[PDB]
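> Assemble the complex: chain A is given as a structure, and chain A' with the ligands must be docked to it using the hints.
There are 2 protein chains.
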Amino acid sequence: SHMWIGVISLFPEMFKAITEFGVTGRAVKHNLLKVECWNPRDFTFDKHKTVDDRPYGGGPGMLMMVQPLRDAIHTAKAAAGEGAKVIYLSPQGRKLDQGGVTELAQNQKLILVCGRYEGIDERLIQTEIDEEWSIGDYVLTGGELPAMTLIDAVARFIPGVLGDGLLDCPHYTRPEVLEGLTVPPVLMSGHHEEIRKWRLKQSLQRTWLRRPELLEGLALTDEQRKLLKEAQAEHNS
Amino acid sequence: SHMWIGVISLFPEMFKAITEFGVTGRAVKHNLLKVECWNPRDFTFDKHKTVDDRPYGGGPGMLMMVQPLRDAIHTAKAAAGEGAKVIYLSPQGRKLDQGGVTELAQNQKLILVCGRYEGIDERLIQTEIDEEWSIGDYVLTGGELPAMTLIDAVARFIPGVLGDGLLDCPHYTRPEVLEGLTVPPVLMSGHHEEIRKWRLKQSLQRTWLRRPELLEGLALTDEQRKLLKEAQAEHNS
Ligand SMILES: NC(=O)c1ccc(N[C@@H]2CC[C@@H](O)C2)nc1
Ligand SMILES: NC(=O)c1ccc(N[C@@H]2CC[C@@H](O)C2)nc1
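Chains as they are written, first to last, in the entry's author numbering: chain A, -1 to 161, 173 to 246; chain A', -1 to 161, 173 to 246. A prime marks a further copy of an entry chain.
So that you can see chain A by itself, here it is in the shape it has in the complex:
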């Protein structure tokens, strides 16, 4: 169940960060993930290969020039064939979370449009973009890091790439004692069921202490209710 992702970007070499390294690098090498980039600069026709343009109404910044960006998008859509969802990365988009990742990962083909300067023409969003997505409520210099973030997150759902609403539990490895801090004995016990429950209780405790709002969205199992109650009682000494 491989995934094809088309990318529109003025800086396609940025995507080497995911295509050449680590788990995602391996996914690309093994043809589980295909990332293909089109650069608006290649679709310019003037001598200086101009990719920006002035905003109507004035303002300090520039926008992506429409014609090169539009042509790049059309070319990516033709390469993708039917069924590709076109996504624009911006702070105005739907905020990404793990549920959203799982939704996006159901697509066999995505096209990711990465804006630079002050963004892109609103009418291109109307005519060319299927969905707007944000990776978080903060502003970046370009849509490339958000696109790579999205790619990395969905790649984890592709079969062969890798080897429940709660924060992760603490993890420990060698040595047994590190600056006076010992590994919790239960993890040394070999008692698989005790270890499972300890890890689950830790996740529940950490979620409650750090991100209590996340618990509101969950229908806890009987076991989770019990372990959370235990953690909260211990916290209250």
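You may find that some hints are simply not true.
As the list makes no split between identical chains, a pair holds if one copy fits it or if it spans any two.
To be verified - The calculated SDA-like cross-link candidates involving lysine to any residue, where the alpha carbons are at most 20 Å apart (straight line), are:
| id | residue 1 | residue 2 |
| --- | --- | --- |
| 1 | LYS83 | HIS201 |
| 2 | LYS14 | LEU227 |
| 3 | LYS206 | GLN241 |
| 4 | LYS210 | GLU239 |
| 5 | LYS93 | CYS178 |
| 6 | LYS206 | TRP217 |
The hints are simulated quantities; they were obtained by calculation from the structure and are not laboratory data.
Below, chain A' with the ligands without anything else, positioned relative to chain A:
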């Protein structure tokens, strides 16, 4: 007011995506931003340069091996001198938003620790990390894209790098008509005050329609209350 950012990563070449391209690339070239990387693999001593290790208690994955990671961190801290805040990137961290970016941007020195595999030993978080930060509620294969995201966001606050709680307004550039869609006449008017108010009204409308929770956190000006009321009346026809 330049910024120095130390990075601990098994894949330092990923950071070329921000140090070699665009606005952040220029910031690095102009010495406004300095990014310096240490690779735990360089601090290994065994023949096969091992950087992972088995989790106590079992489990499917691996963790970062403590000794090479710890030594890399210590080396970065020595290079940084006094006053560097050490940050670990993880989904268990404080969720990044623009207010958090502005807070982080007050630091002259940061050290960013990027985890791989299933993460790092909890005792290293206790002994070496000042703050844990997340870029959003989703899981990635590594902390590098979150680190670069953080770097990009804070870099925007460094003087010379670039040329209020609401979503951005729509932007338009040439041509005047695009697939039948016209530029809003106010933007062609040259009336700077009318354009300002239109843009502000659009931001208020878009925030209300897409992210109404964001408005709850704001103390709107009299002007903003008026324009939002107008937008909501127009929406209700
Ligand atoms: N939070 C995000 O997902 C995000 C996306 C894009 C972005 N910056 C680009 C620059 C110009 C405009 O296209 C938007 N910043 C943040
Ligand atoms: N949302 C985030 O900021 C984020 C940070 C890290 C991450 N993955 C790394 C891999 C191993 C562990 O160190 C964490 N995923 C997501």
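> Look at each hint and say if it fits the structure.
Each hint tested on the structure:
1. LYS83 - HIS201: Answer is neither: 43 Å inside a copy and 38 Å across each miss the 20 Å cutoff.
2. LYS14 - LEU227: neither (38 Å within a copy, 40 Å between copies)
3. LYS206 - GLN241: Within. Shortest intra-copy distance 15 Å satisfies the 20 Å Cα cut-off; inter-copy 50 Å does not.
4. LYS210 - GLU239: Intra 8 Å, inter 50 Å, cutoff 20 Å: intra-copy only.
5. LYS93 - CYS178: The answer is between: 17 Å across copies meets 20 Å, while 25 Å in one copy does not.
6. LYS206 - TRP217: For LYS206 and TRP217, only the intra-copy Cα distance (16 Å) is at most 20 Å; the inter-copy one is 43 Å.
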